[PDB]
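Every protein chain except one is present and positioned as in the full complex.
All chains are identified by letter, namely A, B, C, D, E, F, G, H and I, in their written order; residue positions are counted from 1 within each chain.
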Amino acid sequence: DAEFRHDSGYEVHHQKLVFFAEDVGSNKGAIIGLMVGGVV
Amino acid sequence: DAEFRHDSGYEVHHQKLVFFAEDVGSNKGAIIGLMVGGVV
Amino acid sequence: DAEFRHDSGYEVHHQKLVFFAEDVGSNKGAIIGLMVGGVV
Amino acid sequence: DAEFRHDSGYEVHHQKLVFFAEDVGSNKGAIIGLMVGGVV
Amino acid sequence: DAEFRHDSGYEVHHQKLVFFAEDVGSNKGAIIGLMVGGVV
Amino acid sequence: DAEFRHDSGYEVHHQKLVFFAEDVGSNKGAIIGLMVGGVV
Amino acid sequence: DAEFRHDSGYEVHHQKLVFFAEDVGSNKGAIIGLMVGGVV
Amino acid sequence: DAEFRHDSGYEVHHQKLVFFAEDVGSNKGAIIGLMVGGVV
Amino acid sequence: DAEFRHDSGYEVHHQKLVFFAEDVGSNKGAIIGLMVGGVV
Partner (left out) sequence: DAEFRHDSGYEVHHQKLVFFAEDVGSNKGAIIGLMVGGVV
């Protein structure tokens, strides 16, 4: 007369989570505050 | 008459989590505060 | 009449977690505060 | 009539955690406070 | 009538943790406070 | 019979140039690549 | 019979130039690549 | 019969140049590659 | 009959140049590659 109970508040089987962040808040290109040339 | 109970608040089986962060807050390119040339 | 109870608040089986951080807060490129040339 | 109880608040089996940090807060490129040339 | 109890607050089996830090806070590239040339 | 010539290719008198750069390419606030919480 | 010539290709008198750059390419506020919470 | 010639390719009188760079490419705030909490 | 010639390719009188760089490429705030807490 087995109970054979399984009682898990959370059960997870076979879960793959990938979190990928690429290039957040980053500079791959020029940031210049001022360019000044040719000033007489 | 076995209970055969399994009672786990959390059960995790076979979980892969990948957290990848690439290039957060980083410079791969030029940041210049000022460029000044040719000033007479 | 075995209980055969398993009672674990957390059970983890076969979990792989990869945390990868690459290039956080880093410079691979030029940062210059000032460039000044040609000033007369 | 065995209890066969397993009672572990935390059970971990077969867990691999990799934490990788590469290049946090680091310079592989030029940081110059000032470049000044050609000043007369 | 064996209890066969296992009662461990923490049980860990087969856990590999790798913590890798490479190049935190480090310079592999030039940091110059000032470059000044050609000043007359 | 004085020539009284003044012959200057460039003449500058009384010139003030201010170049100000503030906060180019800079972080005064949080940059986070990932925030992850509450994952079961 | 004075020439009293003044012959300057450029003459500048009393010139003030202000170049101000504030907050170019900069973060004063949060940039987050991902926020993830409550994932079961 | 004086020439009284002044012949200067560049003449500068009374010139003040201020170049100010503040906070180029710099962090005054948090950069985090990953924040991960509460992972079961 | 004096020539009274002045012949200077560059003449500079009374010139003040200030180059100021503050906080180029620098951290006054936290950079963290990973923060991980609460992982079961």
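The rule is simple: a residue touches a chain if its C-beta (ideal position, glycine included) is under 8 Å from a C-beta of that chain, and two chains touch if they have at least 3 such contacts.
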item	value
Missing-chain contacts mapped onto chain C	10, 21, 25, 33
Interface residues of chain D (partner: the chain not displayed)	10, 12, 17, 19, 21, 24-25, 27, 31-34, 36, 39-40
Touch list for chain E against the chain that is not drawn	10, 12, 17, 19, 21-22, 24-25, 27, 31-34, 36, 39-40
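In this text, only the chains that are shown with their structure count from here on.
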item	value
Repeated interface matching A-G, over half of the contact pairs identical, chosen among F-G, A-B or B-F	B-F
Centroid distance [mean C-alpha coordinates] between chain F and chain A, Å	34
Centroid distance [mean C-alpha coordinates] between chain I and chain H, Å	5
Chain G residues counted as touching two or more neighbouring chains	10, 12, 17, 19, 21, 24-28, 31-34, 36, 39-40
